[PDB]
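One chain follows as structure tokens, the form deposited without the ligand.
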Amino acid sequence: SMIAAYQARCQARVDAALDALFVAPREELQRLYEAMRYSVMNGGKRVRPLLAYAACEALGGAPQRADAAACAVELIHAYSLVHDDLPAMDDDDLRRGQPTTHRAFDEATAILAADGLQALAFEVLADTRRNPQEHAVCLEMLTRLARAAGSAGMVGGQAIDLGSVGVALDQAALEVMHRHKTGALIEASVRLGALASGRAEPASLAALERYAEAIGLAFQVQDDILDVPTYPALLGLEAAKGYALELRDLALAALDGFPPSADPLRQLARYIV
């Protein structure tokens, strides 16, 4: 509704900023840059940039302050999907009905494009012209994204995912995996946007992290539900729907006491489920 409009603005905005990053500095690197562009500019919904923009606004910041954050999270997200698709992992020919990067190009070029996307994510955050926050904040943003994207976060999640094959997984184990594999980067999108506001404080950061923890799981539960070891398989379908709504509630609760500028986050929570 309003969240639909909010999403569309966030998407337009981050796409414009992203599209500008893919000019090869010289002719020999053209194909690499085209693969980088192919990997990012794929019509994705940009939830992570929406979360950075919305967390910035929830704390009273003008959203353009989060522009760099919004690019950096989507850069990390994009590189992850390129690697996930590779023959050594999920070996997928298609993502959302289009050829994956390694299929469109080749496997080496895909690995390289995504490796470049990761470096570019950090480069954008450290660039004080693109990310004009106080220097201490730029460094906290970098620290946070590096931890979230690395072996103790997202990459670790993917390892947990690949080490759980054939192993019988219970709910607690499935959630550990989700918290790493997708939770860490969702929490970082929120944290980074909040930092970009220039008004972050420990209490408001802690609340927004509770919000992010809840919605990050809600996305996964709801995906499983729409697809019908999954949440519906563990709990049954009706109980899985119940858990989704419980997560929405914990998200709305974490936003207790926030101003009206936090409505986009409240709406997103409701929307997911």
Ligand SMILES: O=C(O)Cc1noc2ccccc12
Contents of the next structure:
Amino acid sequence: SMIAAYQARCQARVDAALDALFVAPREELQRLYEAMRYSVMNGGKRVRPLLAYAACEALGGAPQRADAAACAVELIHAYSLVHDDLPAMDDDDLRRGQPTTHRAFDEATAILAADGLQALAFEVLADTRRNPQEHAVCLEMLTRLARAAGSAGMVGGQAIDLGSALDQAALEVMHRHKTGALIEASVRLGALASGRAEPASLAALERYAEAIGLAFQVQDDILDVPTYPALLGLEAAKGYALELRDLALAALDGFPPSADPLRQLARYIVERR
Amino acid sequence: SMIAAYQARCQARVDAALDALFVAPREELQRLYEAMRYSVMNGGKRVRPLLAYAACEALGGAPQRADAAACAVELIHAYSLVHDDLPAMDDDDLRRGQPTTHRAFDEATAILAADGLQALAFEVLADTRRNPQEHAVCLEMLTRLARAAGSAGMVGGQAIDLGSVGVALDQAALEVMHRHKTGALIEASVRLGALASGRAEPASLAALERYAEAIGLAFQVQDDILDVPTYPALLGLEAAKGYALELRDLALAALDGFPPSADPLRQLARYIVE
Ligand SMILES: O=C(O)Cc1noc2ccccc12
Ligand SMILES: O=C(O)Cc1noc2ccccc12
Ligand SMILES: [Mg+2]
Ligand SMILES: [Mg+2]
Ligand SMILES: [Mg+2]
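Cool, the form deposited without the ligand is there; where's the form solved in complex with the ligand?
Up next: the whole complex, starting with the chain shown before.
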């Protein structure tokens, strides 16, 4: 039950690292960089960074090895939200009570700040001073993030959602892309940064990540009340959240104690209110 | 011309490689991928791919080694235009007589297709089957593209441009804008081709960078001239023309010592100023 403290450590660390990325290299770029900062440094909970750090630790790596991975996944996350808020998409004036970037600045600046954040996520992984892994591991991290962030993962999920009656299978297809791909990548990138990845471990961590990404979405529908409770019934939806947590924990069977943060996070997701 | 034939070879080759990237992996993604395809496969001249291929050859590499580089720079270019056409940006309904992507599909789909194109540019460079360089070189290619494409390069240029509305820019400020908005990506195209050669060294990279700096500006000056806060408005038409010639001269001088395999870059520099 120190998942809260684990979250707070991960957030403080990744926040410091992210904040350092938003220094305009010349004066004409100051507003752009302020918009980028405003779009990331918004008191978010940094679950994706948490996942990168915890995955790294689950395989025995010191967590600071995952700092670039943590930044990269948060940058992809933050850029996706800026675009999602835009009037052509979700058209939100607020995000967690605060003006969205296109309201605080302007629409063009929001489109562009977020574009710059996506490039920066890749920059941060390719940079061998910030991400000092073996070169082949850096490339695999970049590969995985590009596939997860793009039109076959996250962006694809946004298009599926836009394009959606819907049965359970199709709802799951959507979530698996829209949020699952980047959750799985956060876990995968942290695991790579451990220096101890092995195929069987990576697979197990992927099963974990698939289960939790879904658990979160089921539990969120439950807390709200074409949703998991409408589809399954409220009480069966609650049962399914438990089954997902269980699948997550079973995927971690045989991992050492250093995987406890991942176990605790899986419980936390279904125990929240 | 020799440069016309060179351009045509580069355009055929990169187009074939790009066209293969737009197969939706499942049916729910079809429309997204059609929008991606629509945004790239639009008969563009592929100057950034030409620069990658020509820079590669200038250093003695077989040009197919630059295929990934060529695709990646064109994907960045393409995505940038999709966002730039949107109603909050330049609000353009047409590009060369054809509907822009938000007009052909819708604004959200355009935003997302181009988002996916940016990712894909990085995917192609990081994929060691598509971009089979030494791993350290792949990482440098990715680094250089990310910096050129981002808030310190291309995206930065777009922001300088929006921050300059209603301000009379002098030549120095106009050049700062152009260097970021278009120069960064042109310089990266040349640099990534050079890296793909397998023969890059610091001296030759620096000289190619000087060449790319000159031709990137020459393109903009010449474009303003052909149209006739622009280069002709600032300088007068005749002095703008003289400057385009000076820029071509700087480009040709930067290629001092290069072998005949650099002739494509020399011929391009002349071509630009027509
Ligand atoms: O358990 C808690 O009190 C809050 C918390 N713990 O772990 C978290 C992870 C993400 C978001 C919130 C949390
Ligand atoms: O902060 C978030 O993006 C939502 C979130 N809060 O807790 C999560 C767990 C898994 C996936 C997502 C979450
Ligand atoms: Mg829901
Ligand atoms: Mg236009
Ligand atoms: Mg002009």
